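As structure tokens, one chain now follows by itself in the form deposited without the DNA.
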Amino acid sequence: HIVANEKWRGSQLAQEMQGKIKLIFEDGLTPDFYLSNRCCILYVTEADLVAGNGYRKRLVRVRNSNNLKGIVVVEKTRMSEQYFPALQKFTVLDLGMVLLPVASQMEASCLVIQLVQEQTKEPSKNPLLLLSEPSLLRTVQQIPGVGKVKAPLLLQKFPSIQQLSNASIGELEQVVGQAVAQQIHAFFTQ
């Protein structure tokens, strides 16, 4: 159901996923998991938060790939806590990826499950994935000095904000007159 790295055979991660997601174990691949042919997961252990380069070059490789969209998941514990701000500066700010703190790899199980559910389910299934005339009247009402009654009368003679903008004081005199007519032309000019 999703492609994993041989590194993960028989592990706690895989044990908790086994039931809800089927796993295909592949050898040598750069990520730890592939969600799709355009998205993947890079897992970072508490262990290799030791100022070592065990994960860094893997993340950079994924960034170089023209289509591949990487999302990094990390074990955040009392010991690795101090090293997290630098990981986050590198991944999210320098590299432009997603970083996900996780306590146990038992927590990462639930996370990867819901991460797959999100990916497999149809587009616009998540809420985050039309001209209004009332707004246009509100916008014209913001030009001094016209209120709720003068606004629609202006739009009647000049059907758009464009036409209202290049409207002569003469033509404005007819519909509103005197100071109000000059007050609209003064707003648009300079």
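Positions refer to the first chain, counted from 1. Rigid core (definition): largest C-alpha set, two forms, superposition within 1.5 Å. Residues that one form lacks are left out of the comparison. What changes on going to the form solved in complex with the DNA:
- Once the rigid core is overlaid between these two forms, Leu172 counts among the residues whose Cα shifts by 2 Å or more.
- Once the rigid core is used as the reference frame, the Cα position of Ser65 differs between these two forms by less than 2 Å.
- Smaller rigid part rotated by 15 degrees relative to the larger one between these two forms (C-alpha superpositions, whole degrees).
- Residues present in both forms were compared between these two forms after fitting on the core; consecutive runs of three or more with every C-alpha moved by 2 angstroms or more are 50-54, 121-123, 130-190.
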The other form holds:
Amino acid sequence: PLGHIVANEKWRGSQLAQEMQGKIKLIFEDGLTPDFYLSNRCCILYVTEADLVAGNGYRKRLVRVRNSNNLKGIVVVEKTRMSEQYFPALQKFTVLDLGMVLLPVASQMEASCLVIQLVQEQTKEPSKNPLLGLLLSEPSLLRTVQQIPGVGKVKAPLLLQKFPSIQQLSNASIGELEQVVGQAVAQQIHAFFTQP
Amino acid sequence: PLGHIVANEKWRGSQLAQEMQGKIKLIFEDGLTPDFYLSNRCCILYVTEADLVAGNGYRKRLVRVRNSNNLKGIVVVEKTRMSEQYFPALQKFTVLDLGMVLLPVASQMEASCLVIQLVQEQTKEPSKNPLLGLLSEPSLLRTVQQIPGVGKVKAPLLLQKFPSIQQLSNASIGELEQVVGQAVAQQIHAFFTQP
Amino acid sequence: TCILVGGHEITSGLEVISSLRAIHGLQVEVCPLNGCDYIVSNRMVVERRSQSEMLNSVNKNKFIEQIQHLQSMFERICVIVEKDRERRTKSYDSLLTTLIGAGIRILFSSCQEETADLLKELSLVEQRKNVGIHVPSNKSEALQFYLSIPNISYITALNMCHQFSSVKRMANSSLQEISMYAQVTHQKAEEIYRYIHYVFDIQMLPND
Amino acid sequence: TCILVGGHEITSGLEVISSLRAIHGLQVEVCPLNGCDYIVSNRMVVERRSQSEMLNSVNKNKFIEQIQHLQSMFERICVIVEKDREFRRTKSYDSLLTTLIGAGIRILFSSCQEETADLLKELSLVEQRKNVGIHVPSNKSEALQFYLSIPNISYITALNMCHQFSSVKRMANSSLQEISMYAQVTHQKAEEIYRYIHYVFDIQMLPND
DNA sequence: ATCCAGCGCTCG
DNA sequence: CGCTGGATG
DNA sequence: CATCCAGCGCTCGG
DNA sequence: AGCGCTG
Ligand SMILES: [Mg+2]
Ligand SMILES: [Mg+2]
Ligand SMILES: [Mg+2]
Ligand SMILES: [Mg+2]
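Mind pulling up the form solved in complex with the DNA next to the form deposited without the DNA we just looked at?
All chains and molecules follow, beginning with the one already shown.
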């Protein structure tokens, strides 16, 4: 749905549902295993303090979502002082076993402001995400060739004029080198490329 | 002796003795266990390539010198390509067991120019050796600025009222509150008493 | 299992480093890495950031550029958001959602010991994808040369130094050899191969 | 047996560091030390210098100032002159060596990083036998930075303070003798620390501004 | 067999 | 600030 | 009672 | 130099 969130009935009038009002619209619905749906293919699995204290009851649902095709789960988990001891074990499971995204929250209040952002990010085009959306090598090659002992600022360009690639430079005889840089620096270059 | 080196006979006309000519004077002498004497109390024990290849025959003499009172030995050793493998074992012995100074040389030529310096250093007064010869206020400002809550401005106010680190450390929250806010007082108090 | 740590981590990560050695039994080497915290495998780098660093919006664009640098050299990037030693913003949530949308994995840690634990777990996964670091003085000039190659990581340069008997042997290698010996992707071996075969032209530079 | 290595040593000492761990079985920690290479004990620091660094007369005065700084915090200073990786002597080089000898700075010579690590280990053993070795294993981070701010004390001295005093207040109320024993410093050095913590600050000793 | 000039290198 | 190669003896 | 700046500590990057 | 917190 557009500009909307499909929600599980159980969040009717919760602090989460309350703080999202006006910011974002909630279509409630029954029989849903996941807590929310941001789009058709991205859902949320809210794990509460109660869920995490009890044991590994939360996991059943997480397994279903990951093993569903046509669907991805974002797990949001209540990381309090009470629960923090159980969080490592959950995160290992959620992130490293199942491969799913996990976001801790102190409270439902925080999960409100977080879920608004996830929805703003989904709606955003992938280009305007800076971690989704060619050069002259000449400058780099000067610096690479300057790592050869004997070769500085002045000898680097002279060598790349006669031997125009690193490969050709690497294959150059002492004789060919002597013409450009003289006997000593020729030996240094030759030694560098061939020392086993 | 003055401006001089007492030397063992065996160095008569060696490359070492030759390169010291003009620079420094050599009084030769027989029956000496050590190779040279710079002063009456500082001597040299030259260990040659031959000495180091053979085994641990060199050590006997080193032990004598260390165990002499009224005498200190500088061991100079010929570190060539040949000898380099044996040098670790010597250095362990000379420097770490016996506590004596060890100086490697490639050749006698180098030992010439080295021994001239040792003699120039001995003759020098210990003051002109730079490795022989403040208000705390600025530091204390910086120390007190390591206390969380306390920066440039609060540091001097605290040291005006609690003029030493000790007194600052013993200040009550009440005494702190007069100088800084209730919050920064708690930070300071917490810092000094947190076990 | 080997892991490389940036030298800068000794100013804030001493318990991470020492746990990794002691508790986890990894070979841990502190290295002069330029622009990354933990190299966990040939494919995976891990950035470690305190909550405060993530909250501080002054750090947002700098972090994003750091992740962009790391994207050119590594296929898998993980951020570990570590709780500060002894309050949440839109820009913090915004950064997290940005990272999610670019498939940058996020992990949360309450202390340096737990960071070390995550680093170890991440180490294990990568070992099972046969992209782990395999390493053990006359090859020092060669390393600095390989590090000069654009958009390659320290471990890629190290692999080159370890695997090619000589620099010439490296520069005459095939794309496939570079892929295997330097332990890089096809795309990445292609970038290295093009670089080494690139025909320098002095007239592409300015004069004075 | 523990040894602290300056972080800067990873730019030239990687085989020293890893030998120490692997071959010699020391606990080796790479630390943000300010102005020294190897802290080998509470009393002993080791400076590592290549032949080239020692030959280069541009480095002479700077080296001597380095040794002078180290003299205010350490009783035993060793220089290891390590051969450059794959040497003509100068007067200035010989002059430096003779200077160091005359001030009882111990000198050792090494042909490679492996041999440097071996000397560092031997030096570690001697010091262990003088019961001045480093004894260490951290929500005491503020406290460390405070102790490091104390003038003319080394990183290990500040670490000892952090480890041994339950609180900063306990440190600042300690006797000279306690500081000596807990911080593992000499009488003279404990005296300098005690005077510092009891020093009566006077704002009028600073400029007005 | 010798001054120096240009360069690479190190360092601040 | 040392080293190399080259112009000047 | 709920705010609004202003001064400060802190971090960061020149 | 810009940013968050305290009276
Ligand atoms: Mg799925
Ligand atoms: Mg070069
Ligand atoms: Mg004696
Ligand atoms: Mg402060």
